[PDB]
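Quick setup: one chain, the form deposited without its partner chain, written in structure tokens, and binding and motion questions come after.
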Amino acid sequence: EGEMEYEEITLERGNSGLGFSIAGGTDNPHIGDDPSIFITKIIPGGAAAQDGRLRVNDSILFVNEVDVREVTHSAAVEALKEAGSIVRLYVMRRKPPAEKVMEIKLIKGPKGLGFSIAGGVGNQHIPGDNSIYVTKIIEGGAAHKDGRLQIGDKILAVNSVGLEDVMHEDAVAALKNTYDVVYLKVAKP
């Protein structure tokens, strides 16, 4: 965590470009006196989002064979626009904070587990991430009464069924196909 890491990410240009916005350069450094080109936004439903590797705050070092470590903002946009259909990026990032994985046992109340979900493949809740997220916890519901499950939590598994890269519909189906006592694997940020 916090340690610098490097990654090769190749993207195929969609109808709406590569699906990310950038800032920085020697023109207007984004962090102090650091002239690096930074990802500021991952566009929902775009190429970078579907590929799920690129992250906000990644520094682009190379675009194909073009060195963008110390260039202007304009020279960066040009390099990306001119890179063709298949774009080879070499990036650097500080490793993100690790998440707490936790198994939670819930007994249904009169109205179920007491929480709602969003996310899924082709229905991303955060751009670049196919995970199933908790979006609402119902007042006085089972989850609320437990006190562990929170907004923004990830559901990784329902009993023995994993929810890694599944459709939203499949996540709802897994939660429905349960008995009264449900075991959930959850990730907390």
Contents of the next structure:
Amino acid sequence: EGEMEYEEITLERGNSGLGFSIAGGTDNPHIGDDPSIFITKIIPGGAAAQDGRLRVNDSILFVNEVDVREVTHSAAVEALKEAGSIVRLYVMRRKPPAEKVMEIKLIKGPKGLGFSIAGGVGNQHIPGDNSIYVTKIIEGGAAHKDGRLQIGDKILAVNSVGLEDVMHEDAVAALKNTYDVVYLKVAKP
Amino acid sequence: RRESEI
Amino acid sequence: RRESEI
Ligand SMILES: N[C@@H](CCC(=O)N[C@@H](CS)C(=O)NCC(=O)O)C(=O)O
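Having seen the form deposited without its partner chain, the form solved in complex with its partner chain:
And the full complex, kicking off with our chain again.
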């Protein structure tokens, strides 16, 4: 958390390009005098989003054999444009703050558990992220009364069934294929 | 994107 | 900020 990590990410160019936006350069330095090329946006449904490894605020250090640590904005764009159909990126990022994993036991009310979910493979709630997210908690429902679950929580598992890289419909099935008492594994920021 | 009730 | 689509 807060420390630098370095990663090789190879992307295959799709019809709409690599599927991300950049800012920075020696002539457009955002944040102090740091000339780094940064990712500012991951395009929904694009190559970077489907791959899932590239993150907003990652700094691109190399594009294939080209050093983009101290280049103009235009030089970076050109290097990415000319990089071919298989693009090998070497990036740097500050590790995000760690998430708290929590177990929550809920008893269903007459209207279920009282929350809504979004996300899944092909329905990413955040571009690049296949996780199931809580998007709504029903006033007066079981999740609300318990008080632990919150909007923006990630559902990792329901009872013994993992929800890592699953389709949205399977996440719903798993959450509805339950008895009255449900055990949830949850990731909080 | 989808949103479902649980 | 200058931003380019890649
Ligand atoms: N671990 C290998 C590779 C790491 C890597 O790919 N990143 C940097 C080296 S610090 C690079 O020059 N990448 C350009 C490339 O893909 O050849 C090494 O010792 O260089």
